[PDB]
Every structure is written in structure tokens, then in C-alpha cells.
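Here's a solo chain for you in C-alpha cells, the form deposited in one PDB entry.
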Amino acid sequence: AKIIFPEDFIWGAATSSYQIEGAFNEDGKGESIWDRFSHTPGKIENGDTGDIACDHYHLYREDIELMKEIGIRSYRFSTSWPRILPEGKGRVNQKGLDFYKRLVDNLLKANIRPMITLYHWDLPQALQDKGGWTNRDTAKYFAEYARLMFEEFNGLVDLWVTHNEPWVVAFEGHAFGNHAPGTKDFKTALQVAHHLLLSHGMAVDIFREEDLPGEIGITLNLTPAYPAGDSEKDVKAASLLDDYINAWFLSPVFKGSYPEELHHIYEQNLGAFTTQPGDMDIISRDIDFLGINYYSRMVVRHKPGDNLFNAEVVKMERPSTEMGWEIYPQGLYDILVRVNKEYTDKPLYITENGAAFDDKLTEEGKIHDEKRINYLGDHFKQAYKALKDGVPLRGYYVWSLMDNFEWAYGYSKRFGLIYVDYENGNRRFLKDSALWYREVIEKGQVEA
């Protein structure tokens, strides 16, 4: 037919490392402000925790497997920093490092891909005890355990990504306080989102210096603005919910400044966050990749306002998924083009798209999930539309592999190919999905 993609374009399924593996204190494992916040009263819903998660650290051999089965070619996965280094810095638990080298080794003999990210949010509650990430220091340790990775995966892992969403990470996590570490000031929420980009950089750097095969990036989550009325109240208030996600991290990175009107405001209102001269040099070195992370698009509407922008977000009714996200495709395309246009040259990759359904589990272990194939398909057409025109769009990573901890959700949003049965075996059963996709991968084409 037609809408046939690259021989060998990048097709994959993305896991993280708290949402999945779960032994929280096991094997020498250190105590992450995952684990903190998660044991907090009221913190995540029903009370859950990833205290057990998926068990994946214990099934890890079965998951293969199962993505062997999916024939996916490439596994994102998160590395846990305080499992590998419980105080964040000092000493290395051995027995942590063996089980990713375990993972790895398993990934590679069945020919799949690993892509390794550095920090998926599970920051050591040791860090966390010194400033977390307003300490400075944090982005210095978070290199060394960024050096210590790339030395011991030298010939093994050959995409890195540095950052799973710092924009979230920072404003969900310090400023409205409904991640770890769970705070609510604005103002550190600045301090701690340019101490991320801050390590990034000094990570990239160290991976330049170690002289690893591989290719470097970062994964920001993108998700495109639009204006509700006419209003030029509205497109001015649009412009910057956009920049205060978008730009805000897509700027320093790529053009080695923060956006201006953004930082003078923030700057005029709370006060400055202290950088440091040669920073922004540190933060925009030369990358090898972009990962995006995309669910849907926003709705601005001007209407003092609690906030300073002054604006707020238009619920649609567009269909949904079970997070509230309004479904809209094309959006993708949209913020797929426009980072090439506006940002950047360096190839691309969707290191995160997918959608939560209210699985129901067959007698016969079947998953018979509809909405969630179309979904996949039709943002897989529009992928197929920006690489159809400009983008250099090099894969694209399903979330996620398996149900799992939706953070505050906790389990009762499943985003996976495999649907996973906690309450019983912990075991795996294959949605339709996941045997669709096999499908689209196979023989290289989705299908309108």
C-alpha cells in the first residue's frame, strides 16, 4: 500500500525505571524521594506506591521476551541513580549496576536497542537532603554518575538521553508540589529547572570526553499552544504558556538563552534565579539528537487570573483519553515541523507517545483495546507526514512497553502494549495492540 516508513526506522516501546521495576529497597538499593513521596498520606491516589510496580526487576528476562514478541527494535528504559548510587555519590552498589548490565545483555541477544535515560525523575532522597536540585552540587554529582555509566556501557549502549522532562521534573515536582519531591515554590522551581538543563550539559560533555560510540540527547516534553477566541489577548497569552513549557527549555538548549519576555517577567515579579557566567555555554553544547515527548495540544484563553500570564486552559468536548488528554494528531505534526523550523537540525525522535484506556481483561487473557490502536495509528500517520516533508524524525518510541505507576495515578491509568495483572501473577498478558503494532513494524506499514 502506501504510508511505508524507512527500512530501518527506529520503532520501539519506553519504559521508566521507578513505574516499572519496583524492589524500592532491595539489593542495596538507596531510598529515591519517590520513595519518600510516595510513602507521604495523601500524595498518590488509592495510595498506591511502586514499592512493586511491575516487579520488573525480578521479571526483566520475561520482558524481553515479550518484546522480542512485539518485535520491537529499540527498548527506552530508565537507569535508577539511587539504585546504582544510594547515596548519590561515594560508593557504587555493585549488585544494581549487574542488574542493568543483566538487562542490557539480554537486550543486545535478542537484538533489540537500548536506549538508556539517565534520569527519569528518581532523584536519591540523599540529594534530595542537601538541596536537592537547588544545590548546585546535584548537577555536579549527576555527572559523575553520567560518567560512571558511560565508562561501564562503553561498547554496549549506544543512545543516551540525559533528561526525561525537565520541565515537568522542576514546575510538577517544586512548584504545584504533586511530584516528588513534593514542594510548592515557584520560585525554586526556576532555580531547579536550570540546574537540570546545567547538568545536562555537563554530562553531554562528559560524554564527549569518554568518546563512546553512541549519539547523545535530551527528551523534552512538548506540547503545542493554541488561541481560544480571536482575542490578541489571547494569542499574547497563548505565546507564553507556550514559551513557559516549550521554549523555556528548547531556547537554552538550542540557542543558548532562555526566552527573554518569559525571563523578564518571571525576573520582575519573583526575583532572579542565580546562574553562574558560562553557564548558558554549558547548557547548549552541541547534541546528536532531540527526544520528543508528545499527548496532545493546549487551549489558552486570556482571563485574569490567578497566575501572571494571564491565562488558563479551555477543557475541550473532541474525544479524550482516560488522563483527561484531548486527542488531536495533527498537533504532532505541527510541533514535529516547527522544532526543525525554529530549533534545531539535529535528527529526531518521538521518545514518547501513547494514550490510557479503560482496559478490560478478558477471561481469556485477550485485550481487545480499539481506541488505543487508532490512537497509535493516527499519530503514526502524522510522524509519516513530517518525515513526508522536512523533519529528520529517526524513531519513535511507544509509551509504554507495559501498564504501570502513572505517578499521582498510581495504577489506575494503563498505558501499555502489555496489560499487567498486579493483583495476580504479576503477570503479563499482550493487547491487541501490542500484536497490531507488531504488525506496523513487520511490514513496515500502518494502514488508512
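Residue numbers count along the first chain shown, from 1. Basically, rigid core = biggest C-alpha set you can superpose within 1.5 Å across the two forms. What changes on going to the form deposited in another entry:
Superposing the two forms on their core leaves just one of 306, 364, 286, 211 with a Cα displacement of at least 2 Å between these two forms, namely 306.
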The other form holds:
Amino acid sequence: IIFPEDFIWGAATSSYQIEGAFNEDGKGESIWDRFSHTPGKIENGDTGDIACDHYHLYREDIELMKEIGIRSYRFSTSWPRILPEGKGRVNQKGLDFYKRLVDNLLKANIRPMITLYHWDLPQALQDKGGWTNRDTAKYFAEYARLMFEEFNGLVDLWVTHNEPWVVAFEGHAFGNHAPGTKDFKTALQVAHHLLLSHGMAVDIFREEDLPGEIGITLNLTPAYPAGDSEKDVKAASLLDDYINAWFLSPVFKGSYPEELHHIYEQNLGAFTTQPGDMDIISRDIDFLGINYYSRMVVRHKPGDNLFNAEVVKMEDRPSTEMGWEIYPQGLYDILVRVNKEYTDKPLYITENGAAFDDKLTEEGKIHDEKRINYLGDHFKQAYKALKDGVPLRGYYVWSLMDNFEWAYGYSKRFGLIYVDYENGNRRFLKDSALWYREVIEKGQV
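Given the form deposited in one PDB entry, state the structure of the form deposited in another entry.
Next comes a single chain, given without company.
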């Protein structure tokens, strides 16, 4: 298991999950500040108010990055830290933070990858409808241009959106994420606008002519039939379209998946689009980021939902603390499938990782063997994709450090680095960090 010497090994984080400084230096309120300050939304009543305090501690975190020896760092930039009202006047101190961060990364010889939108929409824009208001797509594109202007020649890897499926459905259909709406029609409308805003930002990226590459990051969950049944095969196919094709087909083919689009329209009425929208969404991009964690097993079950499809819990197979099945073969399957059916573009694993119950010892050690085993098994499947012709260029571990795990708060730890929040927010390299360091050095597992 040997990787190319120029293979981009990285680690990823997101702004709201690590930064803290939620109302400091002119930053505006985000929907996640609002959501986390609403009673009952987050486990244990945790908030992202302080989190890892990366906003103040970023210079120390870069030192740890160098220690591990990662070649690239994927992070997201907070829209309301930069534009408190989502539009209008720039908050120079918010922007100065990211300028300092980037200059530091480059001096450390770590390649930055910026995600423009990783879920922290300005609350000011939410009060005007958020992602159901087509104007939000335009403001996003103006924000994108601002960032392209400021980081021209400094950042050469760009992702417009992280996981539009999760933003749309978890945030607007099931209400588990900010803003917390529970309206499936709204979800579909939001998904369309996220896609539109993506294409709008790609157009601007070309126009600004800065060097580097732009893509989008999609969470992908391959679906597998629970039985030999042709009926299960079709049900599994449908849930697969629900998560994967719903976003992959517009971006790369310029259309939504037909059968699913029909099912939605007949049960819910049509969501609002304009002519030429599919052209914008499907602009040519430079790479696809894939976020992979697990798979779903599907049986046919008429009634009980719109797709007539039920997800089977695999209780007999290993799982992480999130309750997600461990299934490394899925990572291979999705890379191959993407390269076969959707695109010949370079692919990056922009997130993959696992939560396990981590224990900090007295000498400041964390023996997270299960995380090492999870990561090793997934690296091996990425190698196998690479060997078989997939143009995989890089792999980012989620996450560089323990952080605010959305609705679960701080109770779920995904980091290579343990964060001892209440003791000066001190950082400790887990054994998985030490293992990853050896992997990157030698390019082999």
C-alpha cells in the first residue's frame, strides 16, 4: 500500500466547529449561533461560543499541523465573520484573521483549501428567508468574489459548498441542523438554490482569473440492496438518487434524476426554477470533493415513506460512536462509480474519519487504536481505487482536532488531536496523529 510521493494528505475542519469568538471583533450572528442558543436543539446544551478557540490559538494549531506533517489543510471561512449582514460592508477584522491564517499556512509550507460555505449562513440573511430566497444565491456569489479577490495568488484550492444535501435536508426537512425548519418542500427549494449559488460562484472564479482550482464537496452514501430482490434493488437505487444523484446529476449532467424528480413533483408540487438555471449549476469544475463515512442497506417497503424504501440497521457489524456502520468497501465503490458514471475529473476525499470514545491518560496520551484501524482500512480502499485508474489526488482526515459535532455538541470526538476544552483548551496528539505522521512520511500504510 504505497501512495504517490506528491499525494495530498490533509486534515479538515470547519469555521463554526472550531473557531469560537462567536461575537468578537465585529462578527455577525450566524444561524448556528441562533440554533445553538435555542433550548433543546443541541446535546447537553453545548454551543460553539468558544469551541476550540482556534480564532485565538490558530498559530499553535499550525505548529501541530507541522508536527503531524500534513501537506494541505482544509478549512472553511465564516461568511458572517467577514460580512456580518451577509452583504454590505466588510468586517475588516474578520477578514484579517483569515489573511493571517493563510500567510501562516504558506510559511509553514501547508497548502490551504478553502471551503466558502460550511453551514454558517448569516442570521441576517435567514431573517429574509435564507436559502429559500433566491437573493441568497446572489449574495453568496458576491461573497465568493470578495474572497477570490483577497486571496488571488495565495489560495489555489477552493470548494464552494460543503454537503448541500445535509444543509438542505437536515437543516430544512428534519430540523436537526440550523435553521431547524421541518418542511420537505422547503428543503427541495433550498437544494436548488445551493446548487445555483455554486454555479454562480464558478462563473465568477473564471472571470476573476485567479490561478488554482475550484470544485464542490458532496457527502456520498452508496446504497446496497438488502436482498437479491429486484424490488430491493430499485428501492436502494431510489435512496441512492435521494442523497447522491440529486446533486451529482445536476452538477455533471445538467439535470436532476428523472424518476425521483417526478415522484417529488407528484407528491409535493414543483419547486421554483428559472430557465437557464441548469446551465449555471452544471458549469465545468476542476475537481470533486467527496465526503465518505458509511453506506446504507435498503429494502423495499411500500408505505412508511415516499420512496417506498426502508433503511436496515446492520446490528451484527462493527460501528462507530455515531452508530454508523464501518464499511471501507463503500469508499472504493463510490470512487469507482463517480469516475464511471459522472466525471473524469480529479477526485479528492475532502472528509473521512470516525468518532470513538476517546480517553485522555495522565501523561496526556490517547490510545485510539479503533480510529487507526478505521483510517487504515479506508486508506487501503482509496489505494485500491487509485491502482484501478481513479484520478484520486488527495485525502483529508476529518478532523484535525476534536470539535463541536453539530447537534451532538462536544460529546463526539473525530479529531487526530484531542482537545481538553476546560483545561486551557490544551491540545494533545492522539496515537492516530502519530500513526498518520508515519503514513505521510513514508507514503505507505
